[PDB]
Every structure is written in C-alpha cells, then in structure tokens.
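Encoded as structure tokens, the following chain is the form deposited in one PDB entry, with no partner shown.
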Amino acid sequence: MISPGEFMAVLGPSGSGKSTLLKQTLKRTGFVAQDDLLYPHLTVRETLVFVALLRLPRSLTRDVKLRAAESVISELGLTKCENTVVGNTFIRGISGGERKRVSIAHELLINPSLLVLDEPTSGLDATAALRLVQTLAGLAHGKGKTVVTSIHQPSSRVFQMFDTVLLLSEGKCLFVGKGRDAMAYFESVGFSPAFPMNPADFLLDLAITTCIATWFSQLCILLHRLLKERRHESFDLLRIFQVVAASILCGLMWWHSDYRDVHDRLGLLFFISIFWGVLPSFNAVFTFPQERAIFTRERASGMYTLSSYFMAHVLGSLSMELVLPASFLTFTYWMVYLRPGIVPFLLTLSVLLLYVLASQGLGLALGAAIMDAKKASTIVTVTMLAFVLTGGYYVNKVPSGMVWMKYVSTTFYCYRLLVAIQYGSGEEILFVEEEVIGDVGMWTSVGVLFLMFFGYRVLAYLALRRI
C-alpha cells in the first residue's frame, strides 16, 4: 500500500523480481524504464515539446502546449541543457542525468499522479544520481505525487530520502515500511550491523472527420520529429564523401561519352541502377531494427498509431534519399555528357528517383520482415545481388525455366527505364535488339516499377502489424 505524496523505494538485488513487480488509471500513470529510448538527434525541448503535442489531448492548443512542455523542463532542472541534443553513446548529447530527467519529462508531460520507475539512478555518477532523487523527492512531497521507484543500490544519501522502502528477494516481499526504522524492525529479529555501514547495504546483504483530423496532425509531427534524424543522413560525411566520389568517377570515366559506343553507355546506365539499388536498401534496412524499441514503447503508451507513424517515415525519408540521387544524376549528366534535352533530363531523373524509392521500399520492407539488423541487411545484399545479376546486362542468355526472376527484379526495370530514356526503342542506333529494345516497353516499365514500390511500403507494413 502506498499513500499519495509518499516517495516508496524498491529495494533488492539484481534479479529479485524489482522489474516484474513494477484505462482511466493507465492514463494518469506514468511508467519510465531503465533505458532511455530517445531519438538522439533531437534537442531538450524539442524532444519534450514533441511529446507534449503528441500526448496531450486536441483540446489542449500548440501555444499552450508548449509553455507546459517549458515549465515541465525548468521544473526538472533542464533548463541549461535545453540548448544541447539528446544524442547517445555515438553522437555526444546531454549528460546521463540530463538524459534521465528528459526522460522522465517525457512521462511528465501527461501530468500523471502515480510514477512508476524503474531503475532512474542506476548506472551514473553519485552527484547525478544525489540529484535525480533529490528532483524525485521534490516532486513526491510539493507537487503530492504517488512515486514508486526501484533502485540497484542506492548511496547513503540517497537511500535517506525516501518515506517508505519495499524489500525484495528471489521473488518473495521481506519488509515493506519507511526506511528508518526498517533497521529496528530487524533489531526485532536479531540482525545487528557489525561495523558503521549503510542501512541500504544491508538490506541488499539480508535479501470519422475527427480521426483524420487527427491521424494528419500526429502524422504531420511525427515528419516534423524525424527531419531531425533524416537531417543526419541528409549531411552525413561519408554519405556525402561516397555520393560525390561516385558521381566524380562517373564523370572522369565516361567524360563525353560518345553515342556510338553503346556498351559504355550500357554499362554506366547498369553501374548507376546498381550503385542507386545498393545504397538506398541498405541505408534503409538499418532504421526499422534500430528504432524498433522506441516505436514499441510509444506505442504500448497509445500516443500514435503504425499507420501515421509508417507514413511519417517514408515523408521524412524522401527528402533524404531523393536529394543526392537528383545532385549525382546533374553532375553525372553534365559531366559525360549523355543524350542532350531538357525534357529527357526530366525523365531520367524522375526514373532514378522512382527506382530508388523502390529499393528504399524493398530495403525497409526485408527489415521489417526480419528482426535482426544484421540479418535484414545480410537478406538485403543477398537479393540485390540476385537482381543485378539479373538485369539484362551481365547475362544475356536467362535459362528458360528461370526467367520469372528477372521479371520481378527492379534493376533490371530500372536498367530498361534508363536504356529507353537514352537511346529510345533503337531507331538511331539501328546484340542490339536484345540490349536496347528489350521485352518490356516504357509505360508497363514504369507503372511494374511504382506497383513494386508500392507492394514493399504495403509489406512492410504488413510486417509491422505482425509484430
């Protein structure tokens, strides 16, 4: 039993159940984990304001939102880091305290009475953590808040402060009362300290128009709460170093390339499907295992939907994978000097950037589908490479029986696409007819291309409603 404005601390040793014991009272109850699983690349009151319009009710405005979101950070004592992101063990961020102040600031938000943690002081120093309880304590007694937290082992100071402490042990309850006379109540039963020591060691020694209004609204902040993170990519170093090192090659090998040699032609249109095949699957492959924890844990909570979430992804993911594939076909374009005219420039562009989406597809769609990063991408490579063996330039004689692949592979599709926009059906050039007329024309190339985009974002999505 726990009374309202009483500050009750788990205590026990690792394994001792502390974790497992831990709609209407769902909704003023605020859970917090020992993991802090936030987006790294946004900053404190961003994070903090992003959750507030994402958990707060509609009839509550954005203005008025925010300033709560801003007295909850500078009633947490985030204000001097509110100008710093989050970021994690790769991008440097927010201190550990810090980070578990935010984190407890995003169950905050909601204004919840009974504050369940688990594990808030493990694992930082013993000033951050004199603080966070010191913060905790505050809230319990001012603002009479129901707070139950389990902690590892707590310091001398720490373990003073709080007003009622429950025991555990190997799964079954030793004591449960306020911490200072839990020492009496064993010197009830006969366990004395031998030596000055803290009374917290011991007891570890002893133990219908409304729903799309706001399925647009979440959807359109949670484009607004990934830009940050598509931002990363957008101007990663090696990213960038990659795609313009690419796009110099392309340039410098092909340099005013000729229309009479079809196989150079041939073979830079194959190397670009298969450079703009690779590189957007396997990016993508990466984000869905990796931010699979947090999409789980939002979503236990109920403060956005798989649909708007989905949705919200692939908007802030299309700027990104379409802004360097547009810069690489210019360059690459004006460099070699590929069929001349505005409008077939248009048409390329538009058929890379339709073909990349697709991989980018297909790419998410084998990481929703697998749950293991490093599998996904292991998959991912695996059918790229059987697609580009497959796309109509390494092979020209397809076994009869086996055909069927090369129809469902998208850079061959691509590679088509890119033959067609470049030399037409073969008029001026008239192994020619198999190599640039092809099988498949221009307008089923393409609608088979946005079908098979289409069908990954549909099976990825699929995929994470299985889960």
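Residue numbers count along the first chain shown, from 1. Note that the rigid core is defined as the largest set of C-alphas that superpose within 1.5 Å between two forms. First, how it differs from the form deposited in another entry.
In a core superposition between the two forms, the Cα of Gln160 is the only one among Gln242, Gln160, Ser327, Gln290 shifting by 2 Å or more. Annotation: Cα of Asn198 displaced by at least 2 Å between the two forms, core superposition.
Comparing the forms between the two forms on their rigid core, the Cα displacement of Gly455 stays under 2 Å. Put the two forms on the same core and the Cα of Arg58 is off by less than 2 Å between the two forms.
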Given for the second form:
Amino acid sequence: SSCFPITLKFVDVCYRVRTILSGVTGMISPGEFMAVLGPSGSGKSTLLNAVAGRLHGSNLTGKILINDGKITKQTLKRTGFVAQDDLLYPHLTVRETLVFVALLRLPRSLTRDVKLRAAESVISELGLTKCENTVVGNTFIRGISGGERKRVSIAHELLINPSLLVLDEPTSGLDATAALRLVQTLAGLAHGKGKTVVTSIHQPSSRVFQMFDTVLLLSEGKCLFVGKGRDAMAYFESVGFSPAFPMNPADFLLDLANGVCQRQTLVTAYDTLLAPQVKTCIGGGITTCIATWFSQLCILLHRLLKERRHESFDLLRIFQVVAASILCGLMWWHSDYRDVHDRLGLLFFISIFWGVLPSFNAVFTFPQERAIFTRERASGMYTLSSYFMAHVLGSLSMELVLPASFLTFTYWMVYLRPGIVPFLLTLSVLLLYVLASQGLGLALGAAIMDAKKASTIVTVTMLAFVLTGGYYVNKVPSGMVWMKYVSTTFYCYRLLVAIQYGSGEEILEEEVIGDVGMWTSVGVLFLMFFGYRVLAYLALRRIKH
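Write the structure block of the form deposited in another entry for the protein whose form deposited in one PDB entry appears above.
Just this one chain is shown here; partners and other molecules are left out.
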C-alpha cells in the first residue's frame, strides 16, 4: 500500500527540437492528485513525458530529481506511465488479459499462487469485477466499453505496485459521467493508498475541477500558476483579472493562458511573488536463464493462440479452400494416368495455389503488431527472440490444417496413385512447400512494415516464380535459364512428378524426366525454410527501438 513515498521535484529548463518548454519549476508531494492543464501546443505532453523519465540526454537539460536524489533506473520500477492510446489484444477476456500480463510483469522468484491473485486484486481495486468475462474487442468485435478499456490500461500498470503514476490525458473520448467516475478512482488512489498521481486533463468539467488538489498552467512554455487550485481564482483577482459572467473556473484561467484577457504581464507577475516561494521548498545465470526463456515462450504461445486462430480459420478463407477442392475433383474426376498432359497440369495447379495463399497472408502479421510490441518490449516483458519464436512455432501449427483437408478430399476422387506410401509422400512434399512459401511472406513484411506495399511485392515475386516454374515455357532463352533455381514453385512441381511417374519406364515428350534430382529438391526447400526465417529476424532487429 505504497510504504515508499516519492517526493518528485523538478527545476528544469527548456526542451528544444524553437523551445517547447522554457522555465518550468515545481514539486509534487506524496498523497497529492495533481492536474497539468493548458492549451493545445503548450508542452504539457512533454513535461509529463520528461518527468516519468522517457526523455533525456541530448536537448533536455535540467535538474529533475526524484526523492532529493537523481532519476535512476533503480527508482524507475516504482513509476508507471499510462500512455494515451490503448494497445490490447481483442480476443482475450478481461480476466485472462490481466493474468497473462501478471505472469510476464511480476518477477520469476515468486510462485504462481501469489501472482494470479495479485491480478484479481487489481480486478476489484478498480471497477473491473462485473465485466471480467466479456471479451475486450475493438471496433469490429463487440466487447467492453470505452471507459473500461482505459481501466484495463491502468490495471496493466498497477500490477507492479508503483508509487508514482503518470497519466497522459485519460478522460479523452469518454462521455460526461464516465469521465467523472474515472477521476473518482484516481483521486481515491492518492487519498487512500498514498500514491503520487499526476495527470493532464484536456478540458475539465465543473465538478471534475473540484476533485483536484493542485493545478499547473502552461502557456507555450513557461508556467503561470502552481498552487492549491481552490485559490487560483483569488490569485488572479489580486493581479487584476476577474470574469464578467458566471463561468467554469477551468475555462477562465485557460483563456488567460492563450493571451485572451477578461500573457506578457502574467509571466512577469509570476516571477515576483509566487515563484520565489516554491523555490524555498526546493555464481549462477546460465542454466536458469535458459529456463526463463522457455517460460516466456509458453506464455506467449497461449496468449496468441486465439489470435493465430482468428486469422487462420477465417470463414472467408475456409470458403476459398472448399471451393477450390470441388473444382479440382470435378474437372479431373476419375482421371486416367495414361494421358500425361492432363496429369501434369493438375500437379502444377496445386503448386500455384499453395504458394500464392500462404505467402500473401503472411505479410500482414508483423506490421499490425509493431505498436503493441515496441511498447510491451520497452518495459521488460520479453525480448525479440522469444516474441519471434512464438510467431514461428504458432503459425506452423495452424496453417497445416487446410492443406491437409484439401488433399484428403481430392486425392482419391481424381484417382492419383493408389497406396499408402505414395499418399504420404504427396502430403509431405505439400506441407513442406506451404512452410517454405509462408517464410517468403514473413521476410517481405518485416523488411517493409507497410501492408499495402508488401502486398504488391509478394505478388510480383510469385509471378516470376510461376513463369519460371517449368510448365508454360519449354525453351527458356539462354540468359534466363538460371532464374528457375531460385523459385519455390520449381522444386515442388518437380518433386510431385517424381512421386506420380518416377522417371519414365512405365509411361515410355520427356517433360517427366527432369534435370535436378530428388534429394537436391528437398535439400533446397529446407534451405528456404530456415533461410527466409533468418532474414525476417534481421529485418526486425533493424528497427532500433
């Protein structure tokens, strides 16, 4: 219950890029709820973002100090920044969202019994105890309300028990009566638990402004007032400013910020009477560290299990595989093998279809989760190498179910080779070709990080793999014959003809007998399996935070 108070002080100076801040000074006591209010463009989104400790070094000079000391990464585990946008996964319920977060945030030396009841204490500490089985959703999946998405985001940050909670415009997008009941619980933290809540309200209401203990005006840099907030109106009356009509106190002193009198004399009056009074108050880790890698993998596989299933077994993607499998069983119904030219066109349609679908659907995976990943990683929850291996191991499970259902339905209708040993070789070649074609699309989406531009580069790439696959053109013109050795469609189609026909000898046009080999064609699809996953990792470690 916060038996470690943080007395935040800051006497900093400008933050340039023009100056955003210029001269801000102030101090925050434990047990106070403070609002930082000002016009749009006054740098209130930077004073919060530089007193949590997220801006430093180059163009930020000052003497920000926590607890009469220095802002250190030791005194940054007791600090929580609730940002302005919410980044949650949709298909998880509210209770299992905060249990997956509680197993990753809280340290390893505890047990899994004082760790998942610290996640259902925060359920009842905020108001999230009625909606704990509703899914979260988004604006395509019906779930919790917009005032309870913000309460999950604050509950995401209270699991580590901070002593300083910085929030960046919480009540933005909330209606009139949920923005009031969210200020009631943030004022209850600082008055009941002894924390040091600091927030920046955009345009406060009339009875929201009564819930504050301290305000701080910012007008394009320097500050005009810092004080109790019940005596802000009486202060400017002594300077000679009073409203002409009954009005909100937070509309009055925010009009005085952007020059509208009812801003040159206001700054000079501040550094004569009020600013020189707040200045007066101024041998292991080898075998365990590999075992902590795999528990981060076992939790990241269970979180993303319903996310790797929504995109895989989509209902408009089941319809495309069921439609393509009735058309193959009807155009090649009860086929004969003694007419080679139709049997080779069946086997080449399977190479086109299962190279285009896994590659095109794989370019959307990494661009859509870049914002969630770079926030979740820069708080010490996981690294790149365990998030990457949860997408690798979780996507080669789900994507083998629709090609195995295509080939059970179609193999025995179209009369391919009878036997259990030719059926299992045709299935094995096709499931390796689907995994080698997926990795082409994973590498292209990670190198580009735009879903529209990556979609037209995997489309152009597969066009050159189909045309060099060996079915349309018989005599490649002598400077383009090298190009077929880099395509995945070439090695699959030359394998499938080797199961069904072998090398002549029963059917003897020598488009059956090839020029590659069989172990050379399965040794290269393994090189393209691993090789396109290594290049997807290196394109992702290039986005240096």
